[PDB]
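**Q** Chain by chain, the residues run as shown.
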Amino acid sequence: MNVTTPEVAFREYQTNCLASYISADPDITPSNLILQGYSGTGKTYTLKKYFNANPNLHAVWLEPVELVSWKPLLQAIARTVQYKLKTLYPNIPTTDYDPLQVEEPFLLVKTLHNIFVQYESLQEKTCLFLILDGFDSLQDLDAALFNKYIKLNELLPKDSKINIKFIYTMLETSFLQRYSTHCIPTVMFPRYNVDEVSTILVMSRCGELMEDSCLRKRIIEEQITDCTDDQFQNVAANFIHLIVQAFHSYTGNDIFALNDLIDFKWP
Amino acid sequence: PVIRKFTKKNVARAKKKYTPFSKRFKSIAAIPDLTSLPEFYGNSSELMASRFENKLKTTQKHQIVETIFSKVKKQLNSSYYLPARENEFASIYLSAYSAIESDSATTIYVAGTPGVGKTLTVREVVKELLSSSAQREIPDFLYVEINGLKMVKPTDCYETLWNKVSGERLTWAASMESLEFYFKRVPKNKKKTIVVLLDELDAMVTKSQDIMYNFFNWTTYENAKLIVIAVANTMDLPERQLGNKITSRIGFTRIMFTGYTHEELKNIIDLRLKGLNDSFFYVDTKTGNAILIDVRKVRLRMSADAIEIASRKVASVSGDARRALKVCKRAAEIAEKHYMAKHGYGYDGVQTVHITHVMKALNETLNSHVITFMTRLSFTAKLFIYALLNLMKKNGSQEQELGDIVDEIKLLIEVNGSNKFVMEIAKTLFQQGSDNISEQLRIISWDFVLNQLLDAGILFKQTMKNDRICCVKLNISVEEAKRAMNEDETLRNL
Amino acid sequence: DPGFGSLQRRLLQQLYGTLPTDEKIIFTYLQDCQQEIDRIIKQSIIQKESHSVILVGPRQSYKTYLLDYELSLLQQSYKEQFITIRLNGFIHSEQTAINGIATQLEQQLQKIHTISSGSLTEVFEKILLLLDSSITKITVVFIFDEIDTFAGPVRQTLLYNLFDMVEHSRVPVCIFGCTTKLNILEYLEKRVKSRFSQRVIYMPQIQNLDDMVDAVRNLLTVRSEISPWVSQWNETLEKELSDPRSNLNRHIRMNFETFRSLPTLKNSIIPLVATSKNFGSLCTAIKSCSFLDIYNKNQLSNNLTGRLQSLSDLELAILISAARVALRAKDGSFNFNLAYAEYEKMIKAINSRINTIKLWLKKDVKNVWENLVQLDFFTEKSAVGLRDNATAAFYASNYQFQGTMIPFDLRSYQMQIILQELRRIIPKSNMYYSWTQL
Amino acid sequence: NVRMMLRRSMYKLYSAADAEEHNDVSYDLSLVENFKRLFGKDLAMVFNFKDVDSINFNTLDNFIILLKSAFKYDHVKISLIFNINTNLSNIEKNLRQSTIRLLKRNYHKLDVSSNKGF
Ligand SMILES: Nc1ncnc2c1ncn2[C@@H]1O[C@H](COP(=O)(O)OP(=O)(O)OP(O)(O)=S)[C@@H](O)[C@H]1O
Ligand SMILES: Nc1ncnc2c1ncn2[C@@H]1O[C@H](COP(=O)(O)OP(=O)(O)OP(O)(O)=S)[C@@H](O)[C@H]1O
Ligand SMILES: Nc1ncnc2c1ncn2[C@@H]1O[C@H](COP(=O)(O)OP(=O)(O)OP(O)(O)=S)[C@@H](O)[C@H]1O
Ligand SMILES: [Mg+2]
Ligand SMILES: [Mg+2]
Ligand SMILES: [Mg+2]
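Residue numbers (the deposited numbering), protein chains in the order written: chain E, 1 to 267; chain A, 355 to 434, 448 to 660, 676 to 730, 769 to 914; chain D, 46 to 158, 171 to 190, 206 to 426, 446 to 529; chain C, 138 to 159, 179 to 274.
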């Protein structure tokens with residue numbers, strides 16, 4: 001429509017679907033959206049790049065792993081919504097509602113309605129994106145919390161100028177298959193190959209490795225090295241390739257384990 | 355200040371006092387006449403209704419059309448002369464009149480099954496007693512009605528009673544001592560008889576027998592003038608709660624309300640339709656408005687056979703009256719819908773209702789909608805049910821493992837690989853029709869059909885995180901599933 | 046050209062259904078339910094008559110959609126004669142329901158032209186006095217969602233009061249319940265069921281393929297001249313829904329035989345029309361439908377067989393060894409030591425049969460074991476997963492299971508993929524293939 | 138549990154900060189995020205586990221993983237002390253592997269006993 005697609009290395013179709021689903025028009029956008037993928041698959045990176053490519057879209061970021069229950073999650077939502085709405089429009093007079101008053105799901109709906117009532121002097125309807133990045137990582141989780149956040153979008157006002165849309169990022173498949181009857185749009189992030197992991201690892205930890213002080217000390221203790229930059233990058237790439245070819249059978253397709261081994265065996 | 359370990363920021367507390375009644379008028383000899391006080395016994399408080407009324411009012415009526423059947427539907431609700452209940456009326460009235468006349472206390476217990484009409488006859492008795500008292504034959508009294516399902520906390524009865532006899536607003540405990548003192552020590556020359564109507568009694572005694580014991584015991588005192596009437600479902604409920612000796616000491620009256628028969632129910636239905644049946648109506652052709660006695679003159683008739691069959695069917699199973707009234711109303715509604723549909727009317769000869777309408781309205785409550793639900797399910801769900809039935813026909817265990825179902829489905833698919841339909845459905849079932857998808861392990865749309873069957877109330881699955889040994893079982897018996905499978909064609913053939 | 050953008054936006058907002066209520070389209074296979082619901086609501090609102098009814102049907106069967114359509118249709122001719130109150134059974138307990146009802150009643154009554174202040178009992182008695190008790209009244213329309221959670225086996229006190237309000241009152245009331253259970257009538261207790269009106273309407277279901285074809289045609293047909301291309305596109309679709317050999321018909325038939333649900337097809341179609349950049353691209357995409365294959369392939373990219381093709385050699389060998397060990401056991405249980413013993417025996421046999448394959452040590456196989464148990468290939472001996480409700484999880488979180496006290500080497504796991512499935516899936520060119528059967 | 142340990146730690150931190158400083181908040185990791193705005197200085201939190209041999213290591217591993225999330229705030233500095241009684245071989249064999257790799261970034265082992273050389 002009127003959105004810009006960023007360029008991600010090996011996530012073309014995911015980026016296309018993301019640009020297809022979410023936009024700035026509340027008339028054409030889904031109320032819910034799930035991104036699924038196991039650890040180290042590249043979902044938060046893609047989502048952050050997509051929002052950084054389009055500055056018009058508004059977003060609020062949460063991480064329901066520091067918060068370890070549902071009451072703190074409700075309070076955090078009720079506080080961050082107010083903070084983001086205040087920092088964006090500063091010329092609209094408003095009162096303040098204490099987030100700690102939110103103790104039940106119904107009270108969250110009441111507080112959100114009261115907050116959204118004030119901003120009724122705006123020109124055209126907008127949409128505010130609430131990203132619950134990590135919904136499956138709550139410590140005390142049961143099979144009933146998601147059923148509330150799915151239906152939370154029906155008790156809110158229907159003709160308000162501020163519309164809220166949710167976006168989840170879920171890890172497992174056994175949990176996700178429980179809610180397969182709801183028919184919610186989904187974008188799945190499959191795991192990586194070995195070539196893709198090698199290229200991503202080089203692209204990430206190639207430039208940063210060379211400004212390390214150890215190699216500078218080792219070359220000032222040594223003689224001249226002409227064609228310095230290209231030779232240095234080649235040395236780094238060769239080291240990364242060697243460590244990958246050595247420990248792929250032990251680390252699997254895990255970016256984090258290889259990224260720790262590289263730092264371990266560099267000095 | 356201090357740091358709170360947790361906070362309660364949504365606490366709401368009502369303004370109610372704590373001091374009981376036996377601290378107000380000092381000595382017993384200093385108690386004034388409670389009949390003449392302007393706050394006691396509701397002498398002057400008649401403005402609570404006006405506080406909240408007139409809010410749900412508006413000013414518009416666009417000549418609402420009233421079809422012929424609208425009168426019958428209106429005059430057949432459960433709100434609009449007792450034909451059958453006379454012995455119970457006489458017994459209750461005699462007991463209450465004897466209790467009121469001699470200035471004493473008594474307890475009447477009524478037990479029955481839903482829909483008999485115990486509340487209606489008790490209210491009629493109360494109305495007759497009020498009329499007789501207003502006729503200046505017995506001393507005046509007060510009527511207080513307390514329900515059991517219309518209270519948030521079960522201990523809200525006490526204060527309510529006090530709030531209806533004194534005008535004060537106290538907590539429940541202080542209300543208990545206040546009522547105890549009032550019923551025990553206030554002299555009989557400065558009181559007035561009270562008729563409580565404890566209703567749905569089984570919803571109050573669910574943690575302890577305190578409320579029932581107190582309410583029944585307050586009738587034992589000589590100075591009290593209480594007449595308690597308590598209705599309930601089970602007959603021998605106090606015995607199961609209080610004890611044989613306490614009940615023997617109390618000594619109340621017992622009444623049982625038996626169900627209705629197919630004659631009394633028909634009498635009720637016929638009585639509720641007397642003026643309307645076999646009458647004449649002026650009907651405007653353009654709109655459809657009907658007026659009880676250009677335009678036409680029509681009649682409304684209800685066949686007695688329909689009423690008889692409805693009463694016979696309803697009285698056979700339950701004995702209710704609400705259900706019979708609702709069945710007749712639904713038949714009338716169906717006839718009205720057909721009439722307006724045929725004549726092309728809208729909202730804003770001899771028209772009758774046949775036995776066909778009543779039978780159609782009656783069949784809607786007895787039939788079940790499971791066979792029809794399964795005869796329209798997807799192919800995969802029917803395959804799942806077929807595999808489950810096949811496994812049950814071999815193991816005979818009634819509780820099957822899920823991996824066994826998967827293996828049975830795979831074997832069924834791979835053993836019949838010569839029938840045209842299953843020959844051409846294999847690719848769409850295992851690879852979804854494309855050559856770039858690897859062969860799947862379970863089926864296309866496994867979790868979807870599993871959850872679709874589990875949500876509707878057809879399967880029961882225990883909770884285990886291992887998804888290969890989870891046990892599932894049916895919940896609609898076995899013959900219905902067999903019929904649903906047999907109604908198919910491709911599953912029947914193979 | 047802006048015409049293509051306008052056409053694309055119109056198609057997207059037609060698919061999502063966000064469209065003015067006077068030009069919405071309703072499928073031909075569920076018009077009878079629409080007419081029945083419309084008759085009930087019109088009788089309740091225009092003619093001031095009380096009603097109670099329950100709607101039963103599977104998830105995403107157009108229950109809320111029809112009610113919202115009816116309310117929006119009636120909220121433009123008679124707006125001063127009714128108010129609406131909606132309750133949801135998932136975010137409303139047996140206590141917060143009273144507060145929600147009071148708040149919504151107050152807000153709607155204020156808007157048309171206190172109650173919510175006090176304790177719970179005061180609010181309950183105030184709303185009871187308000188409801189239970206030319207110039208005409210105002211109808212309050214209740215809309216329940218998931219009514220089966222308010223009909224438990226313990227109290228059932230709100231439904232009793234609401235049905236009593238419907239039965240004996242002077243204020244007309246209409247109440248709609250929504251649930252998915254097929255035997256909702258057996259959840260109500262005796263008195264509540266007696267007060268019920270015994271009126272249940274079952275949502276319709278798709279019976280043929282022509283119904284799905286007609287639904288798709290109604291979805292993807294622009295019927296208002298807004299762009300120069302609307303003349304051609306409306307033609308092109310008609311050439312793909314009439315030909316019985318087109319790819320669109322094949323996909324529709326597959327959905328009919330497997331899923332049988334419009335929302336899934338709608339979700340599949342959305343990116344297909346939102347991705348194309350030019351009119352020719354849209355035409356060729358709807359002619360070939362090659363994007364639906366990619367969508368289907370992705371939707372199956374993390375299932376049980378989609379992970380097995382992203383494993384290294386050592387992980388595959390460990391998985392095969394564990395499956396072999398679990399096959400011989402009586403109840404399928406095993407642990408780390410037996411799996412490693414079988415792995416080392418298999419490696420020694422492979423090496424002796426014949446470059447040499449390295450035999451990784453115990454401490455290096457520990458990481459692979461943890462990686463495999465993370466990816467949901469094994470589960471503990473007898474462990475439940477996620478509890479049904481919050482109280483069960485709270486109870487379970489305060490008890491120390493015996494599985495977290497036994498050392499690492501003796502935890503008893505269970506298998507999730509049997510050996511036959513490994514034999515079916517793994518290609519025959521792999522050097523571990525011969526070891527996948529006993 | 139994990140949530141209860143988090144609540145105790147946050148309550149102790151807030152009480153100590155308020156005592157040193159001479179409304180109400182939520183006892184979550186979010187209090188770590190907003191510490192600079194609420195007070196003005198930077199944290200140097202020091203944990204101290206006592207009798208680590210009597211703690212079910214699943215909970216301890218989960219808590220360490222949770223505490224890992226506080227490294228993106230630029231003003232906190234977390235330290236850990238383990239009072240091991242027998243030996244660190246049990247610690248190595250009981251914890252997960254990723255957490256051991258995380259702990260091995262920098263550490264110091266000190267032998268503290270009454271009978272060290274008599
Ligand atoms: N497509 C990609 N192109 C370039 N770098 C990438 C790509 N995907 C991942 N990376 C890099 O690898 C890192 C992996 O971290 P993330 O992708 O953020 O992990 P994640 O999927 O968010 O993990 P979880 O789910 O939160 S545990 C990124 O921060 C990048 O540095
Ligand atoms: N003899 C009768 N004559 C007319 N209507 C009757 C008669 N008996 C019962 N009814 C009907 O029964 C309806 C229900 O009221 P009741 O029968 O008094 O209820 P109930 O016995 O209190 O039921 P519960 O509360 O479930 S035990 C009334 O509104 C009447 O229409
Ligand atoms: N207000 C609305 N306007 C347009 N389409 C809607 C609206 N509400 C829902 N839909 C869509 O209509 C289809 C089915 O309606 P739903 O309300 O989801 O069905 P349902 O049977 O009520 O589902 P429940 O609530 O889970 S039982 C889906 O595609 C919904 O996204
Ligand atoms: Mg992430
Ligand atoms: Mg009654
Ligand atoms: Mg709904």
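Hints may be right or wrong, so weigh each one.
Only pairs whose alpha carbons sit at most 25 Å apart, straight line, appear in this in silico DSS-like list of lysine-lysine [said to hold, decoys possible]: (1) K415/A / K93/D; (2) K780/A / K420/D; (3) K574/A / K641/A; (4) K370/A / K415/A.
Residues of chain A clear of chain C, computed beta-carbon distances all greater than 12 Å [stated by the list, open to error]: (5) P355; (6) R358; (7) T361; (8) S469; (9) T654; (10) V680; (11) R681; (12) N856.
Please keep in mind that the hints were generated in silico from the structure rather than gathered at the bench. Where a beta carbon is used, it is the ideal one built from N, C-alpha and C, also for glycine.
**Q** Against this structure, judge whether each hint is valid.
**A** Evaluated hints:
no., hint, verdict
1, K415/A / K93/D, "11 Å, holds"
2, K780/A / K420/D, "78 Å, violated"
3, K574/A / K641/A, "48 Å, violated"
4, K370/A / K415/A, "45 Å, violated"
5, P355, "10 Å, violated"
6, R358, "6 Å, violated"
7, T361, "6 Å, violated"
8, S469, "64 Å, holds"
9, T654, "65 Å, holds"
10, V680, "72 Å, holds"
11, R681, "74 Å, holds"
12, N856, "35 Å, holds"
Consistency note: the structure conflicts with the earlier hints numbered 2, 3, 4, 5, 6 and 7.
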